[PDB]
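Can you make the complete structure from the sequences, with help from the hints?
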Amino acid sequence: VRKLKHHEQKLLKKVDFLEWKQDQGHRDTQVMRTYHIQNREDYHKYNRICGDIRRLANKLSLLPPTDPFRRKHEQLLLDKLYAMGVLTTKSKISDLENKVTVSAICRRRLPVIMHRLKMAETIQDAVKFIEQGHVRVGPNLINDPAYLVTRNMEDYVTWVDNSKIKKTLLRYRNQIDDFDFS
Amino acid sequence: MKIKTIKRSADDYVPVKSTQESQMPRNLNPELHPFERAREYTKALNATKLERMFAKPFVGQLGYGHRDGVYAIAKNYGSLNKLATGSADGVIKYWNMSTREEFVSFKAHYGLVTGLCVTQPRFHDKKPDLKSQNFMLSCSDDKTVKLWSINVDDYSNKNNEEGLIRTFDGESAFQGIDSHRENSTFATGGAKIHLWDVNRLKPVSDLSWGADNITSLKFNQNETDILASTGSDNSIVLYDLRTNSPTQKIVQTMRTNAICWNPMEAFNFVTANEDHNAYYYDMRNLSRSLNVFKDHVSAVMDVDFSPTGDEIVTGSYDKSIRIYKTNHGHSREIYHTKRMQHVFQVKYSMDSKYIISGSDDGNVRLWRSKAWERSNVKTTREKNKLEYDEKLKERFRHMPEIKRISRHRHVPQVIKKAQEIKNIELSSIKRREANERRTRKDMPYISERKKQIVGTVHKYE
Amino acid sequence: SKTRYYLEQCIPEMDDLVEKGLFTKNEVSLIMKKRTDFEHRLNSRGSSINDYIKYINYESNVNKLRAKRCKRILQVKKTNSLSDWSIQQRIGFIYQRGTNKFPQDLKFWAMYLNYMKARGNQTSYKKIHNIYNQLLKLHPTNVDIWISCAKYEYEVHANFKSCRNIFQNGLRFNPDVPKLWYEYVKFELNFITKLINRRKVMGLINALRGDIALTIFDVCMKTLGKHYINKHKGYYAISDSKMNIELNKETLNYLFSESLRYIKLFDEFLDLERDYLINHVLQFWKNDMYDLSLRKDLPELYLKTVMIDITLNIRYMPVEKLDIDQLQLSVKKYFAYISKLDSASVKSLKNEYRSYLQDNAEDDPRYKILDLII
Amino acid sequence: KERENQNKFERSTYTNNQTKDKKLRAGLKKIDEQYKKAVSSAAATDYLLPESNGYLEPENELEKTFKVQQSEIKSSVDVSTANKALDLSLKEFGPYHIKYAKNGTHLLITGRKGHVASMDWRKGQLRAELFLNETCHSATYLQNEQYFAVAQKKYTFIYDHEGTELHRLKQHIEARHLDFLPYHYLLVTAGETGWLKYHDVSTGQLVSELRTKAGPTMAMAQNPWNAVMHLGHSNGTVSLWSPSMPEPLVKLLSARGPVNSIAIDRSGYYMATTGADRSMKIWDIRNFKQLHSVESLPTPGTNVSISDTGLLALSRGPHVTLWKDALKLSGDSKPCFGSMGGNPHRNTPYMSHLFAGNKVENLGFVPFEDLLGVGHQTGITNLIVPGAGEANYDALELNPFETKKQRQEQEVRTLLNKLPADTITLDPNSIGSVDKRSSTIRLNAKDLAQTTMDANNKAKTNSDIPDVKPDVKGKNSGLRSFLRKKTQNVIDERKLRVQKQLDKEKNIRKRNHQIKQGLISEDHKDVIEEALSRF
Amino acid sequence: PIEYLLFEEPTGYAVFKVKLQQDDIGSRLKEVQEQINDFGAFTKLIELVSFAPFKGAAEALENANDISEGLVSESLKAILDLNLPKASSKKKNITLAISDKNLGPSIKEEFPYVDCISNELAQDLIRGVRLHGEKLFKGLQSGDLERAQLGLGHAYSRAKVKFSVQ
RNA sequence: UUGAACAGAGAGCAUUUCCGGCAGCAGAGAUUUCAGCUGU
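Protein chains in written order, with the deposited numbering: chain 5F, 2 to 183; chain 5I, 1 to 159, 168 to 469; chain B6, 2 to 207, 264 to 417, 424 to 437; chain 5C, 13 to 29, 36 to 553; chain 3D, 3 to 168.
In short, the hints are calculated from the structure, not lab data.
Every residue, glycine too, gets a C-beta built ideally from N, C-alpha and C.
A couple of the hints might just be wrong.
With a straight-line Cα cutoff of 25 Å, these simulated DSS-like cross-link-like pairs (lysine-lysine) come out [to be verified]:
id	chain 1	residue 1	chain 2	residue 2
1	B6	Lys138	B6	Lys128
2	3D	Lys94	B6	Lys138
3	5C	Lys54	5I	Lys401
4	5C	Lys171	5F	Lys46
5	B6	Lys180	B6	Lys343
6	5C	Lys464	5C	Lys38
7	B6	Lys306	3D	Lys57
8	5I	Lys4	5C	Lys92
9	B6	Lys279	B6	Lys299
Listed next, with one range per pair, are the computed distances between beta-carbon atoms [what the hints assert, rightly or not]:
id	chain 1	residue 1	chain 2	residue 2	range
10	5C	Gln426	5I	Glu395	24 to 34 Å
11	3D	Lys92	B6	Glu330	47 to 57 Å
12	5F	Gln23	5I	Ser360	50 to 60 Å
13	5F	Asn40	5C	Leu347	32 to 42 Å
14	5F	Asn40	5C	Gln426	27 to 37 Å
15	5C	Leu46	5I	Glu433	34 to 44 Å
16	5C	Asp343	5I	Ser360	41 to 51 Å
17	5I	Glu395	5F	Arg34	47 to 57 Å
18	5I	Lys449	5C	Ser58	58 to 68 Å
19	5C	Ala44	5I	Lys49	25 to 35 Å
Chain 5I residues, not near chain 5F, derived (Cβ > 10 Å throughout) [claimed, not checked]:
id	residue
20	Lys56
21	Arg208
22	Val419
23	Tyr468
This is the structure we're talking about:
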């Protein structure tokens, strides 16, 4: 912590007060900084599900390469994860080990969907807006940031009517019709 | 009810003026300081590891060496940094070891210069100028002993005819030389051992036991009138110069390459011989060595004492040198180099801190006697830390984890393989002598310290 | 740390000082915490000679309290144990440490010397010699240390040989201040006066002269003149002959004013041949000084030396029998001066008349003296 | 040289249950001289000790000491100590587990709800206030105020000086008790799992996982002397643990029911354990005797603590009660609650206090000051306990006035001399010695030759066989115990000559029985068989 | 053995006493070469025993010319005779470390019991006391040493060139 | 290599040669300390 001299750094090399090997390079912290994750245990709650997908993918690739059970369940899991939005392509089954990843499950969260739909300028702005209760999917208002938005369910991410944000974008283009409140 | 709490008062513990240091109150309760064995065990382990990373013993070679391998070296016992070395091609050189550069070189002889030493020549017509001239004399196999003077810049008192002030002459070759430490005298071994003085151009006396030649010579350092010599009939002969005669000899198994006398004990000497170990002998009883220093793997070429008399240095024909504590009998340290071949001469500088080795590729190299020890002057905090760590390594010396670290060196491949086949050979002969002793009746238990003397004139009662 | 070493060097004396039942443990802990404060202030950074001085004063105060408590408790004046010299040894070592750290304040060096001298029989005069040797080594140019060293070894020990060696070594180092010259002629006159008084005393119960003082007087004039002509006109001799003669005149004025002070404090040594010992300085000043003190300017100084040579027998009391013996000498002096001088003639006449009138029934013999010097 | 307080500075040694070597004799004589000189000179430092311990003394027989009020102490003592006696009223988060740094400079409080605050309690400087909205249980500093570890809902987290999270430990699954071992740099963790985990803070490496095998860990304390961990279980069992042995070093039966709290003296000699059976028990640690058994407390003691000067602070809910000189051998030091008729041989409380609103969560003495910090349901309260702190600290072990540079260099130096976790034994002085195997006399190789000689001649001398002796009640004759302890199926030459020597023993016992009963005379030793020998 | 040290400087003469010898054989090594830069270790080698200051700039210029052309002046004679012990002239002279190999003969011409050393050990001892300067002297001189250096350099140069202000 | 007288250093080593005991008395410096004679 004091920038050890040469004899000290030679004499105690494995000493590190910040980065440990159980930390795994602080990647929970790293991807929760990237996608602005509030609570500490969401990374590991997603890591359990990525481990489920990859455990099944291992145990399913250990079946013989031609039997219809392996082919049906590999294709069925691939279709389910593409439809949910974690996987970005349902083509190859090496996605079920390589491209299945806590960052993919985190890119499917509601503020990241928002920021990619240009509905907020950054992920922290999207977090603030859906905490303030501006965003509804479908009819019903969504209030928490961790909400996972599937591919067919991202067509209905809008703002609530009577939103001040909806009002100011309509009045920026002065398409505001005050009959329907905005 | 009377009542009293701890009044810390902050004037005694954090100082008023900012320029001065904080008070460090002490309290020597073992309750306050709990892990007193483990804490100094770990300090002794960190001291052994710090020594094994601070061991940088090679100081530097001096000059450019010689052309044909260094076979003779002599320090002068009155100046700290001056060193004379001679090679196989007859050139001798005088060295300032401070700047690592020669005062002068000399094409001294034509053959090998087989011996050289240094003198303060007591002429009784001239007066020796030892503050500006140094004197080295040197014998070779072309039947000559020559005495040279050197211009020396050590005092600036004065302001001059440097080389070859005289040329002693023998009829046969010479093989060793050493100068008496007083009274203008030296001795040369060769086909026979003669005594000389620097005034007369001929030997004063021939002091030879028999008609068997003499390979090496050393004068004593205190009780200066006792000589010792090594003859090629595996013999070690002592001479006395009061009686002007030999004194006693012993015959060993193999040939003694060198002697050095203990400068602090005046009757002990160490021989360095061709079975690969050194023998610490008492002059008053040559029937047993009082130590054997065993760790070399080829023939030991030269030995020397520390001027403190507490350790010896020992260079051998396996291309490595070894430093030995005098009371132990195994090597405290080994110095080697891929560039160093066949170390033929080793001296221990009068500082007792550096070790001069002359190899046979040509080079003369300085080493530290203590490898981890630096030569700056030390403040009392670092001096106290260093001697605390020395005492701590001393009292934890035999713990297995720090013993395996302090014992560790990198030895060359050839010396390591010779060492392990030497181990399995010695273990095999111990197995076979244990079997033979189990059967046979009267097998005497000969000591290791007696196992190398085949005989002794003037038997002991 | 070294405060720890010094503090636990302080413990055997209070072992002994608790065993001898004068101090208790709770008060010796108080003197140890005060001494801890002082030792830490001594051997930490930012140290001061006032820290040393306050430690010495505290140790002397606890020594005086220890002596008082010993006389009141044990009713002896020393316990002849460790605890009656250890504290004075501590004070001496605080002084030695302070003079090794700050060897620049002569106040502290002289406090060291005063305490070491006043320690009495228990100290050693070679221990005072050692600190005199190192103080004179560090300050060779400061001259009062040479005077104090020689004064201690003559006015206490009466060691004439070593005192002469001290004065000659000091005059080797700084042969430029006249104060060391005057104290050397003072020492030589005191030594020759004690010599002739022990001769007079051995006569009254039962060769070697002031020529030593005259020879050191002569080399005093020569070397003080040399050092003033080398001190002023400092760098070079870039000065024309007007400035060279102005300089040489001024060095004559300087040197002759110092010899005026020499005779002025020379007269009071009246137990040796004071007439001879003043007349030799008179004849040493009477000769030529290479720039015509008589035959040119410093004629006022020539008149001053003539007045001194006139009254050099008339240095007497109002009982003027010497005046009635040799006032004709003063009359011939005034005649020989007024035979040459022009305004110094009237000046010397009026001055000798005023001097004799000021210095000299009894008014009727003084009426004869007034008629003589009228 | 005599030194009335030497036996504090003395040092025990090995004994067998003199020499002919001259050099070794004089070496041992120099060693004994040096040990005596070192003990004497080390014990003469008590003059140099600056401060004096605190106290309070009754000076009357009507003036009892347990009925002295904290406001009366705060009036009677100085303004600096009265300002150290702090009180934080933090009402909304839960009961506050208190923790002090090992010099008393920093305070670390944890609410049960989420509120963890690390602060300099004696200035007004807090340096971490973090609200971790899951239920935190405990915290500790590591080697400094610069890092602290908190035991959260499940995982133990490690935070830096200003409160940023450094580590989430994926092991240490449900901690309830954390304690740092400062000379070894080990964070020790126990809780609702039956596991004890030692985690190296410097390297970052989980050193040990040990099955307690006794359910959740109810209490936990550290011996400051030898760094072994005393855990208290729901059996009424304390067990002493080291990170080398996967079994407890010792298991003591302290209480009935569970063990609510454990405290150890800093000398490593006494241990006070409170059980849930309303029983405080004072234990000798070194010899494992039970010194005192104060049974039938009025309500179960929820905490114990032992100061640096040996006070005993027990807490039973609202009440805190301190006894002085209770950790001693004699029965007159058994802590009582009243003196029945004024008995001087009854250890009444040294002082007591009642936290009338609440139930105290934990106790901790402030290290070098005369205070007891108790954390309770509405925050923190320091109590001025005058006998309760080492007045004379050592400033190079741990310094309450230490600066930023001193903290930096002391951190690097203690990190450099960190003791390995394998050196933790029940006694600290057992890592210089020799094995308790490997015979106590060193061997001179003559006797090694002798040992290999009788190992060669174990056959035909039967030195590895029990000796034949007839009169030893041959149902327990040694040779038949050999024959029965061996497996009854294999046949080796060793057991064959034991069977031979056993038949020899039975025949000698037969003839001795016969000449004792009188059926045969003396020898008559088979006058025909003596002739038939040579065949 | 390098027992005493003579440092000449514009304020006067200094005699130092060598406490600890530096290494002779390891004199080119890194730690020995930078211990004369560190002051905390140089004060383990050198201790000041005497400093005779000059009488002014006139005696300063006289002694600067005498030191320049390698002669022992009278102030040198005084301070050396005060400080150096009366050793023998035939057996174990006292050893003075100078920086001027042609000032050495003038020192032995006046004190035959003094052998003078100016080789690389005395040279780096001398440049150690030159590198530290005012710190070794413990406060005992009047006048800043660089201000006296400016005055003495200008005086020496104008003397050597015979600078006339006419 | 020894001897002689001389000049010294404070840098070593003994031992019972005296003192660090008491007064009477004069002396010394700034009311405390300092310096010698006649006996205990």
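Any hints this thing doesn't respect? Which numbers, in order? 13 and 16
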